[PDB]
Structure formats: structure tokens, C-alpha cells
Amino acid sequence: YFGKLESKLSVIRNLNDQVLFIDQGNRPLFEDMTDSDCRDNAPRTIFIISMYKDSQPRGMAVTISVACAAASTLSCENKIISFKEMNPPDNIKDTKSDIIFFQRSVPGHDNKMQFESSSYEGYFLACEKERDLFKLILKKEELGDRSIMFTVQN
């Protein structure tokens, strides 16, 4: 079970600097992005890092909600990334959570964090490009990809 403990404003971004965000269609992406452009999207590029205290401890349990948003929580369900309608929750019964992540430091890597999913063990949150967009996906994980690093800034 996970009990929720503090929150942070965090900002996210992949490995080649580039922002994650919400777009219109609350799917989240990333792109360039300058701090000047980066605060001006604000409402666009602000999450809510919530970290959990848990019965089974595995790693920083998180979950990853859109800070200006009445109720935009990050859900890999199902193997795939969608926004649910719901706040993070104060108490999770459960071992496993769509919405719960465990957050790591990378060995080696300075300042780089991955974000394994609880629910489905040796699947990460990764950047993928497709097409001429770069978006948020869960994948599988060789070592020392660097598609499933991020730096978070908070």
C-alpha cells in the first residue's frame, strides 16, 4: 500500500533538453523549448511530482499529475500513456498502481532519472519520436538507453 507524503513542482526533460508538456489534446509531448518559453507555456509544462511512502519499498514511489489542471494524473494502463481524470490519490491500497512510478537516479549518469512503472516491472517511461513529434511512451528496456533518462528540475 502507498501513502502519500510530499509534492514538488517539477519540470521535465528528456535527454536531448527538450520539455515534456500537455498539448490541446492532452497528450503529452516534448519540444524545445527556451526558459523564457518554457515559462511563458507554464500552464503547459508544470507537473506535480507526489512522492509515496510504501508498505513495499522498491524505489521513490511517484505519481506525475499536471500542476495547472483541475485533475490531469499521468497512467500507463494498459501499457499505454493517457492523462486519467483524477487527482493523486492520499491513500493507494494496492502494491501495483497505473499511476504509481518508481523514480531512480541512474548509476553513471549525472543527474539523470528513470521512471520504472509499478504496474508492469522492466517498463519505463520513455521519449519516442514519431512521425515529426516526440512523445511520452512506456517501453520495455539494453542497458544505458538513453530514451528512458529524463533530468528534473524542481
Contents of the next structure:
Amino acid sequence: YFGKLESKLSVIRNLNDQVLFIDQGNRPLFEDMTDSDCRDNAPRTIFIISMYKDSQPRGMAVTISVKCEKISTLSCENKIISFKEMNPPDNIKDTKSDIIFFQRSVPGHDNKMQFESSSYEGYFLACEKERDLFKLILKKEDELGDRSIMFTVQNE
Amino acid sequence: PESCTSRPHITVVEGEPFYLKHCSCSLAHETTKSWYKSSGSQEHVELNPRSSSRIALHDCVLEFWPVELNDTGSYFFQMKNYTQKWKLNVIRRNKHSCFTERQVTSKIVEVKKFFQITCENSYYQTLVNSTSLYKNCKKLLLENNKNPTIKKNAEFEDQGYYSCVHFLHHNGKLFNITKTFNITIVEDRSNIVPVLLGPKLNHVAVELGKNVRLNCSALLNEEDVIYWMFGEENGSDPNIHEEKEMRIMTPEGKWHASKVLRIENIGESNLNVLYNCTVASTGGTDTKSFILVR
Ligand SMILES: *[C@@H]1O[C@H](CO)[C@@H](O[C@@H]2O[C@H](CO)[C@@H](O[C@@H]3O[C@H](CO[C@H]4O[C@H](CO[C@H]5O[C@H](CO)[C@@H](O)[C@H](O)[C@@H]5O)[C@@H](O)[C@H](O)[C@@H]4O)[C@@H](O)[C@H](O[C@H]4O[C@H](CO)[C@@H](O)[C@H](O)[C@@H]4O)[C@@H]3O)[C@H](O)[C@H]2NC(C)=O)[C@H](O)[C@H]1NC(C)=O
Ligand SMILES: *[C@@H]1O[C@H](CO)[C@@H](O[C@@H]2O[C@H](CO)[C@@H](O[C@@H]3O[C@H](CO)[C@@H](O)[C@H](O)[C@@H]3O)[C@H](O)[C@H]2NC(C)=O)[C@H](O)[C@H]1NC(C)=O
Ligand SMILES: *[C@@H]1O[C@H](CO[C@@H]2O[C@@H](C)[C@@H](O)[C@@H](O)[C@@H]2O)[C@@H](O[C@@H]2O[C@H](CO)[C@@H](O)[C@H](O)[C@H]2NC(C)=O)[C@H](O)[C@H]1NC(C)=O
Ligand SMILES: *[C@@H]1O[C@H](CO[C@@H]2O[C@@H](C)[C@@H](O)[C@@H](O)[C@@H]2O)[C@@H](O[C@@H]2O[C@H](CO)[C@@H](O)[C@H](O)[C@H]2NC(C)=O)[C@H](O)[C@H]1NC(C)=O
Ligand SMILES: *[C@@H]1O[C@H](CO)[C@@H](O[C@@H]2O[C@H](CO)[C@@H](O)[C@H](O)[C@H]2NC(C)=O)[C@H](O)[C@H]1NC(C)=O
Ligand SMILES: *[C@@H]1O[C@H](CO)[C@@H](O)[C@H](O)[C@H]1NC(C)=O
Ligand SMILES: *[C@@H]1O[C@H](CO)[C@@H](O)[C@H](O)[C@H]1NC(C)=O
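Form deposited with its partner chain bound, following the form deposited without its partner chain:
Once more the chain from above appears, this time first in line as the rest of the complex follows.
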């Protein structure tokens, strides 16, 4: 069981300081952005991280959301990353969820953050270069020390 | 080799060589590609090889040599059915500084932690004659002219504006690409593992019909949560109330957090039931349980 606690505004960045944003096609992407660029592209660059209480605690249970013409929530349904048109729910009556992720700092680096899927164990939110784009994808951990599954969240 | 400009809004400084690359370069291999500009309600115009002596149209990129204030506007690219839009905002150059303040990328680094600045420009490196690194418009002497690099453990004195200036040539004319980093050195956040104060299993003697305030306290970090689990899956006992959190900062800058679960009108339904209090963090979680007994 998950119960919505509180939400915060955050700027998610990969370990290359590339700002995560939802583009015109509602795809989550990563791009180098000057402070001005990050602001001028807001709200596409501003994410609502919502904390949840967990029935069986296993790290900080959160939902990543974005507020454009409509509020969309990040989902990893079928191991495929998408932004479902919905608000973070008040309640979740399951121990696993396509929208719940476990935010965990990396051991020794309290600023480097990883997001484990509650539905697909050992599957993490990651930045992958696909063609001339940096895409937000779901990836299995693989080799320990993987910097692609590590992020930084900047709060206001 | 260079990534496409996928973001919708772009901010550039006047007099700097600028480009915007579309996100279908492999596609640009199958004469059926066009670039357009729309000035303040001008309802677009098709750009051509010599529309402007500064604008160079290529299959994947639209080069500006250099970009100037009159270039501010909406740009649209069309290849068969692929379409891409950019809102270009050319800002005025601070001719009194070595960089415009409105074109900085801020970075906060914790004191004594690794700190590195590297000057690189993948796109124009073929035309780059020299590249210099300045700290608050004072040229630093780092042997490298190609990629001046600072690699050290951060100190409060390292705070400052680091500008990478890439000097290059295009048909005799000299230009530069300045990129500034606003570094801010802060004290070590030194996060702790959240710890719930008191024993893991607590038995609290109560009497039916009366009320009870189950106190839960922890030592945690500013961004950590403390909450109670008392069976809210399809509505909890209406007599159970989770009180407002209380926090007192420790001298070490950490927090003493308190959350009280108030069980009013105690009944048999509250007895021999585990009421859990958890502390949750990016650094770990910890739960303690309370049992109500006669
Ligand atoms: C990357 O490239 C950009 C260009 O793409 C470089 O930008 C140049 O930066 C310098 C400063 O770093 C600027 O110079 C300053 O201009 C200030 C204001 O200038 C005004 O008056 C000018 C008057 O006319 C002058 O130029 C014409 C030729 O155009 C001459 O014929 C004439 O005799 C004059 O000399 C105007 O033209 C201009 O538009 C402005 O309205 C000045 O306040 C400033 O003064 C410094 O130097 C003084 C001595 O000359 C000194 O006493 C002062 O204390 C002070 O230090 C300085 O001249 C350039 O204007 C600017 N050019 C552009 C196109 O933006 C950038 O430098 C480069 N990066 C690096 C690191 O090289
Ligand atoms: C949780 O902590 C609170 C304190 O924050 C404890 O409450 C305190 O409970 C005692 C009795 O158990 C109260 O003291 C005495 O009781 C009478 C009752 O009529 C009261 O009026 C007098 O103050 C008297 O000294 C005390 O007032 C009360 N304080 C508060 C703020 O309610 C509570 O017992 C702790 N819970 C557990 C499970 O230990
Ligand atoms: C309060 O906690 C007990 C104990 O739960 C254990 O510790 C938790 C922190 C978490 O990690 C649980 O998964 C652990 O089981 C809860 O009781 C357990 O409930 C689960 C699921 O209903 C069940 O599989 C276990 O057998 C139960 N264990 C015991 C000792 O009863 C209890 O449900 C929690 N109370 C509330 C109000 O949610
Ligand atoms: C930087 O470039 C110069 C040459 O630039 C010329 O002058 C500019 C103003 C512009 O008109 C450019 O298109 C010109 O090409 C390099 O200088 C030459 O270098 C050789 C050795 O490699 C030397 O023997 C010559 O005397 C130089 N020639 C001239 C005309 O200056 C210089 O090496 C370049 N710097 C670096 C570090 O690459
Ligand atoms: C350089 O970075 C610092 C830190 O991010 C910026 O300082 C902040 O400025 C705002 C107002 O603009 C204040 O409300 C904050 O309290 C400041 N923070 C600190 C830690 O001082 C600074 O503005 C940045 N400079 C530029 C030119 O962007
Ligand atoms: C654009 O502005 C520059 C000066 O900043 C000028 O030299 C150029 O001719 C202008 N071009 C057009 C088409 O307005
Ligand atoms: C372009 O057309 C192809 C089919 O020919 C289609 O699969 C593709 O999705 C289209 N691209 C866009 C951006 O609509």
C-alpha cells in the first residue's frame, strides 16, 4: 500500500549535468542547458517529485510528474518509459506500481540518485544515447557503478 | 557525432557562431529538407543558401556566422513528414565583461569534494585555433590551449565564474564561443542514516474507551520523512489521527523529528494491532512498531 505524503519541484539531471525535460512529442529527453535555457523551457524542465508512505518500506517511494497543459505522471509499464496523463494518486492499493520508484542515493555519494522500479525489481531509470538524442529509459543495473542510472535532483 | 538540439527554447548571445541541429540525421540521407523563420508575427519565410551572408543551410544543421539580435525568432524545419520547431532568443552581449550573466550554467559543489572544469566544443573543434579558460575574466594558466582543464578538490576560494572561450576562424574573420559556469562552493551536507529513537517493539498499556498518544521520534536529515501506518487502505479507524510533525535542529544541523499517532476512543479493534512508524530517506528506511494492550 502507498499513501501520498507531499510533493516538491525538482530539476533532474544526469551525471553529465544534462537537464531532463519532456519535449514537444511528450518524450523524456536529456539536454545541456544554461540556467536561462532551463527557466525558458519550464515547465517542461520542472518535475513534481511526490513522496509516498509504503506498507513495506524499501527506500524513498516517489512518483515523477510534470505540469504542462495537463499533469502527466512517469510510468514504466511493460518496461517502456512513458508519461501517462494523470495526477499522482492519493492511494495505491498494491506493493508494486508502474508509477512508484524507489529513490536511493548511491553509497558514498549522497547526491547521486538512483530510481528503482517498484514493479520491475533491479530495473532503474536511466539516460541512454539513442541516435542524436539522450533518452530517459528503463534499464537492468548490469555492471556495478553504472553512471547512466545515476542522477541529481535540484530543489527550489 | 554531435547531438541534435532537441529542446524547444534556445538562448544565445549576439556575435557568437551558433547552430541548431535537427533530430533526424540518419533520415537526412534518403532536396526534400527546408528551414523557415518567423519574426514577431511574420507567418514564416523559407531560408535559402544565400538568404543571409551569415546563415549557412546544411542537411542536418542551420549555421549562424555569427548569430545577431535580428535572428531572434521561431525556426521551423521540415523533411518529408518530420517537423521540428525552435524558439530562438538572441540576447545582447555584455561588452563590459568577458561573458553575459544571462548565459551561465550554475553548479554547486560541496567543499573538499572533487571539482572539474573542461573546455570542449565537439562541433566547432575543427575551426578552433585556441581555447582559453578565465575565472572572473582573469585568464588562468593551464598548460593546455586545446582543452584547458581544472581538476582539484573544491575549496571555498574556487567559487567564481569560469568562462571557456573557444577562439576560431571562418573565412578570415575571428570569432569565439564563450561558455560560463557559475560555481558555488557550499559546506559539506554530511548526511546521516535516519535512526528511529527508542525500542523497535513497544507495548503500551491502554484502557478501552480512553485515548492514547503514541509518540514516535527520530534523528534524520532535512529532506527525510517520518510517517505512521495505521491501516488507511480502504479508510482507517475514524478515531485514529496522525498529528503534525515537529522538528528541532541538532547543533550538527540534523533534525529531531516527532510524529504522534493519536488513537481516540480505544476499542478491541485497536488492541493486538501493530501501528508502525517509519522514517524514510534516500539514505535508507527504519520502522518501529507499537502494540496496544489491556
Ligand atoms: C568574443 O567575441 C566578441 C565579439 O563577437 C567580443 O566582443 C567584444 O568585447 C569587447 C570587450 O571584451 C568590446 O569592447 C568594449 O566596448 C565597450 C563599449 O563600446 C561601445 O563603444 C564603441 C565605440 O566604437 C569603438 O569601436 C569602433 C569600431 O567598431 C572604433 O572605430 C572606435 O574607435 C571605437 O574604439 C562601439 O563600437 C560599441 O558598439 C559600444 O557602444 C567599451 O566600454 C570597452 O572599453 C574597454 O577598453 C577601453 C580602451 O579601448 C578601456 O579604456 C576601458 O577601461 C575598457 O576596458 C571595450 O572597448 C567589444 O565591443 C565587443 N565586440 C562585440 C562585437 O560585441 C569578445 O571580446 C570575444 N571574447 C574574447 C574573450 O575575446
Ligand atoms: C507521549 O508523550 C506525551 C507527552 O508529550 C505523554 O503525555 C503525558 O501523559 C501524562 C500521563 O500519562 C500526563 O501527565 C499527568 O496526567 C494528567 C491527566 O489528567 C495531566 O493532566 C497532568 O499533566 C499529569 O501530570 C501529561 O499531561 C501528558 N502530556 C501531554 C502533552 O499529553 C504520553 O503519555 C506519551 N505516550 C506514551 C504512549 O507514552
Ligand atoms: C506493521 O508492521 C507489521 C510488520 O511488518 C514487517 O515490517 C514492515 C516494516 C514491512 O517490512 C513488512 O513487510 C514486514 O512484514 C505488519 O505485519 C506484516 O504484514 C505483512 C503484510 O500484511 C504480512 O505478510 C506479515 O506476515 C505481517 N507480519 C506480522 C508480524 O504481523 C503490519 O501489517 C503493519 N501494520 C500496518 C497497520 O500496516
Ligand atoms: C591560429 O591561426 C594562425 C593563422 O590564422 C590566419 O590569420 C587569421 C586572422 C585568419 O585570417 C585565418 O584564416 C588565417 O589562417 C596560425 O598561424 C600560422 O601558423 C603557422 C604554423 O602552423 C605559421 O608558420 C604561420 O606563420 C602562421 N600564419 C599566419 C598567416 O598567421 C596559428 O598557428 C593558429 N594557432 C593555433 C594554435 O592553431
Ligand atoms: C550563481 O549561483 C548562485 C547560487 O545558485 C546564485 O545565487 C542565488 O541568487 C538568488 C537571486 O538571484 C538568491 O535568491 C539565492 O539565495 C542565491 N544563492 C546563493 C547560494 O547565494 C547567483 O545568482 C548565480 N549567478 C548568476 C549570474 O546566475
Ligand atoms: C542583422 O543585424 C546586423 C547587425 O547586428 C546587420 O549587420 C545585418 O545586416 C542585419 N541583417 C538583417 C537581414 O536584418
Ligand atoms: C512519418 O511517416 C512514417 C510513415 O511513412 C511514420 O511511421 C512516422 O511516424 C512519421 N513521422 C512523424 C514524425 O509523424
